[PDB]
Amino acid sequence: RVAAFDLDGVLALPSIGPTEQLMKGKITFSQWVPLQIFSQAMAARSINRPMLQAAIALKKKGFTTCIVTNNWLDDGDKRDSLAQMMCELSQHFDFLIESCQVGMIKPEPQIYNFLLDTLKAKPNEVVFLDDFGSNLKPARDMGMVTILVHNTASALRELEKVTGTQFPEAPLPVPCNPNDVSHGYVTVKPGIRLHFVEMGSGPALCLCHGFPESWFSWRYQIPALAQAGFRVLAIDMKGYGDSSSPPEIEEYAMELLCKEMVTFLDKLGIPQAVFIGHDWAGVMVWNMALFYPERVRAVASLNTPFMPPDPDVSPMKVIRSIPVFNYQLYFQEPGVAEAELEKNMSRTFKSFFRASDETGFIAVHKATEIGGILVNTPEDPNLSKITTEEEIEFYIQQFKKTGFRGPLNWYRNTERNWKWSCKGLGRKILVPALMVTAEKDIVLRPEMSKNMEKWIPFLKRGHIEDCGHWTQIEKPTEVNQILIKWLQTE
Amino acid sequence: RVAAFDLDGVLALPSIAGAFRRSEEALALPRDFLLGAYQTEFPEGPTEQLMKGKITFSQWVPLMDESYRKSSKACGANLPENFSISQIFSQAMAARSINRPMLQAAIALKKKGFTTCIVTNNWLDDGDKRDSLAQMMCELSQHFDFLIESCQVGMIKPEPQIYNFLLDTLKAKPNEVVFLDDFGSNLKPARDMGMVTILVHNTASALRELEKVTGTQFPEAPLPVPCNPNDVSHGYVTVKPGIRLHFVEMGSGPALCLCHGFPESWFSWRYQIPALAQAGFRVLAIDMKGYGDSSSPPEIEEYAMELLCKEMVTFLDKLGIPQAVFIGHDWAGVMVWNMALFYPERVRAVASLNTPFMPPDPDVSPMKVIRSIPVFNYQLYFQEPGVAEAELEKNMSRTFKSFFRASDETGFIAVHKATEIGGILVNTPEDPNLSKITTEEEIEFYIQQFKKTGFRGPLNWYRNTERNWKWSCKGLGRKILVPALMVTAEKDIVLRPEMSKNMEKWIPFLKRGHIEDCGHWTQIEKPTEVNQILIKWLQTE
Ligand SMILES: O=C(Nc1ccc(I)cc1)NC1CCCCC1
Ligand SMILES: O=C(Nc1ccc(I)cc1)NC1CCCCC1
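Quick note, the sequences are listed as chains A and B, same order. Here the first sequence stands for residues 4 to 19, 48 to 66, 90 to 544, where the numbers follow the authors' numbering. The numbering of the second sequence is the authors' numbering, which starts it at 4 and goes up by one.
Calculated from the structure, these hints are not laboratory results. Everything hinted at is true.
Here are the simulated BS3-like cross-link-like pairs (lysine-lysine), alpha carbons at most 30 Å apart as the crow flies:
no., chain 1, residue 1, chain 2, residue 2
1, B, 174, A, 321
2, A, 243, A, 473
3, B, 73, B, 132
4, A, 313, A, 482
5, B, 397, B, 439
6, B, 174, A, 313
7, B, 313, A, 132
8, B, 371, A, 57
9, A, 321, A, 482
10, B, 504, B, 477
11, A, 321, B, 115
12, B, 114, A, 313
13, A, 508, B, 132
14, B, 514, B, 477
15, B, 454, A, 321
16, B, 514, A, 57
17, B, 57, A, 482
18, B, 504, B, 514
19, A, 57, B, 473
20, A, 174, A, 215
21, A, 321, B, 455
22, B, 191, B, 57
23, B, 477, A, 55
24, B, 132, A, 539
25, A, 176, B, 313
26, B, 371, B, 473
27, B, 174, A, 473
28, B, 243, B, 477
29, A, 57, B, 477
30, A, 473, A, 508
31, B, 115, B, 174
32, B, 455, B, 313
33, B, 514, B, 313
34, A, 57, B, 313
35, A, 477, B, 132
36, A, 454, A, 313
37, A, 243, B, 176
38, B, 313, B, 371
39, B, 539, A, 132
Just chain A, with the same shape it has in the complex:
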């Protein structure tokens, strides 16, 4: 079947002659100063989330969702209030049936037959619900499953849970994806192009992903950040997904990555953004902050701490010591781990992406002994409760284009990176910063960030309990909160 609700006050609230038909669309708001004080009433009404969530559910579930409300056209000033609130609901329903458009209001039987026509279905297999009920007269007539909404849910979730089946109580933020998205495509150097995704309106914040991921990762913070009130630019890190991913090694020097990261802003014409890296990106994100502070309004790292280099300590040597940094050494040899990971990506990803309470992880340190970062990993990885089968399939497809050379090439510029950063040795980071640490991150544990403020005074902190290395995907609702609260505050 299909499920429908009205907005008047069921999917948004607090709820609410020339007035009776401006609904039909023959007149605007401003041009209607007869029979004013509410150009705010509408303002002070936002989304009814448990209700809005009920939708994505059913849509994920197999229905077609809609809005068939009695509208009007706001040339108001608290107009945008509407735009956004609408631009928000937008993607989650397939049909927008508004009175101010199809000329026919609620409750004239029109809209109902019109609705049913619009999708083409029987009065029975389509449910409806209005805060009004005086509107559910017709729908009950024809023969459709009616539902009131006199509270802010109740039987809504409950009696509507009848539908097919139910929904939860503490939801994940909404996903977002993966072609209902703008696909920008800046080209920096000759052969080098950078793909990315865009959502929401300014100011800008670049979401730089890590190894071995894709922009797809922020799939939960992207919408949220947009709504937050920012223009998100979730990029595919050089070498990954739809951006150019050469074979050359020097190609992935940090010095390089950061420089290009700038040419990106230039080309796109932005003079400053909020860089927010995680994993190997956070490294860059901080270097970003260290080498081009102008173009950075603020920085946030996820799990990754600011790890300066000791001028009197070969960088390699230091990698050979941290027991857990083995895999990392394993990698250093070209074609090798490529060959290992590539062989069967299906396994590769479910092995990598597992939680903080998940068996079968990676072989961080035995990796050289065992001679393979997956050898203690099953042969038929169990789907991590932290991803879906499609969630994986995307990562695969996205990786079939690049292979693994390039993403791995990020490790392989060990010496030089050190060589280069050995200049931000005299400097200190001043532009707003945030270090969000994950309690149970096996490599890149919190402990490694305790000195940071020696470098980054004012460094603000974020800490998420029960975390894996897969922060966004694992504790998103949290990540969002913090991330937003951060941007809001500073």
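Dock chain B with the ligands against the given chain A, drawing on the hints supplied.
Quick look at chain B with the ligands alone, frame taken from chain A:
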């Protein structure tokens, strides 16, 4: 060849120096006491660690304040206790803008074929108005091929280090390169290697004289920065199943969609795009459904206005924007106004170029009204499918130079005679002179961009004559309230100004814009103007 420029004193101004001088004013402080940090010949210390890029600038406050306290009363001269240099630099910088004329001359020899660059003693700024710094660096970004900043490589002017590194970077000789600096004590080293010195003393021109000579001569009031076309972001939203919308993006928020007309491409706004970005907005110059890189089906209903506008919305939705400034020209302006009429929420403001708001009379078949305006013939000609396609397509090379001509250009189109002769380019020579308003490449693009779509789809915009009327016949009771602008072109043959005299009956407060000596090709013809107005508009309301 090549010529690179310092960014202070020549490209960015008024210089940071002057600031120093007039604080060496605000306080006893004898000639050069404060500037000397910046200006020396033999550089050392706190600023030396800045220029070299060892420590940011904020670091550099504590250190250099207290570095001055040294030479203060301690060593001649009286320097105040509760004293500083911070916001008397983070101010003098935020107060320095681009030397319009320089940049102009800079783009010149890039066009003329030099490598342009800037070799400046920069520094990293983690300051407040640090942003001010980015924009300026953001802008100049394109016009110079090279960026040798002291604070990046690690050498400083005039330490020979840099020059020699610049040379090794281009890979030229001290001769075939020119240089200029507000300093001269900086110039010393290059007039030694063997480069062409230019004491960029003044605000310039004095410069641009014994400089004009070398290289060439610079136009009086050059052509406005025209974003161009390879190195621009290429967004790609997909609204309906088979339908995708290509567009271009430049600059940071708020957003304003530049909707082009027939028979063009997003490429048209190539002069307002940069300008609007700089203006301070995020430009989204779209390829109108059916044109260029966006999906251009064959179906007719496909281009219904009702449709085009609806999708235009799904566009915002997908891209996640709840409101924009729609600015149409030609057939787009029609949509742009309908935009305003049917989705006022999503419109913060509207601007039409040449196109007036032309409501439909409910008691007057729309077709009939087209048959009357003498000039609306071509328009009728079009109505027949495959026909004008076949005509225009045959040789696009001619097609475009014919269409795009000025207000003082012979060989235009056959607006009204059309049908009779059975064509619009029938009398248009079959070998057109290049309109002084375009370049050969300017044309080649339009071509290439059109080879992908053919002409069906762009023309399909005409062909929904009745329905469009049918639909708009609802905004008959409404009035447009969201900010509006009607900019009229004095000599637009069809879509003349006269046709907009009634508009305010519909659009009270409608603000006005009028450009003299104009063709239908407004942006491409009188851009510098268009820009001005357009900006002044967005600035004001
Ligand atoms: O290797 C890194 N991160 C990293 C390595 C070196 C630096 I300098 C910064 C981050 N991530 C791994 C963690 C375990 C699962 C695969 C990805
Ligand atoms: O036809 C239009 N514009 C137009 C037509 C109908 C409407 I309703 C609005 C604009 N433009 C022509 C002008 C002459 C050169 C080719 C393009």
